[PDB]
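The data below hold one chain only, encoded as structure tokens and taken in the form deposited without the DNA.
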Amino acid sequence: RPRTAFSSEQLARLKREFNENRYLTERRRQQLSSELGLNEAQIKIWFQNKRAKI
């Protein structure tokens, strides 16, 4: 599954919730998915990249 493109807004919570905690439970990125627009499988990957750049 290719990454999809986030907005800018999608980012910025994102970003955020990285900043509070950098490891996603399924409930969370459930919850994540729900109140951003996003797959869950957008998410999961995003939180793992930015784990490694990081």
The other form holds:
There are 2 protein chains.
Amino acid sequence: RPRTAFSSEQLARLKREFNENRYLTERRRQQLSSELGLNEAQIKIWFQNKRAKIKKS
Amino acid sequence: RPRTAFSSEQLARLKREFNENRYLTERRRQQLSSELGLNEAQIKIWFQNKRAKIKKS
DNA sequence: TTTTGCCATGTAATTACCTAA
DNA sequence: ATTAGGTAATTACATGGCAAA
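Having gone through the form deposited without the DNA, I am curious about the other one (the form solved in complex with the DNA); can you provide its structure?
Starting with the chain above, the whole complex follows.
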């Protein structure tokens, strides 16, 4: 498998972004893409996965 | 998956099951497929659809 | 000390089912 | 029928620190 590695500066805006808003919109899902230069699908699962550990944690 | 059509022999067995419980279970999806000769995934979607309809009331 | 030799974690990805159009 | 994005459960794997000769 190709396990993506996140940049210390990506994990940051993601996190910052989850705080303010834990549910991604398409617009928002899009913009993040541009900016972080990540694909709308990984930002997708990230948020899913965040919410997940928060629940189990 | 090709649009299909249920026999009345099947359609009425689906409706009798959907009467006992609206949620299918894996083993039971199985059981009905070998029974009614349908394809699991067809059974699965009938149910979804039915639930969604019944809801509307 | 050092070097080797394992594990246990965290997490990213993935699956199977959900309601709703 | 299909489709997207949600939850819950996983599985794969890249890692750090620990144990021991």
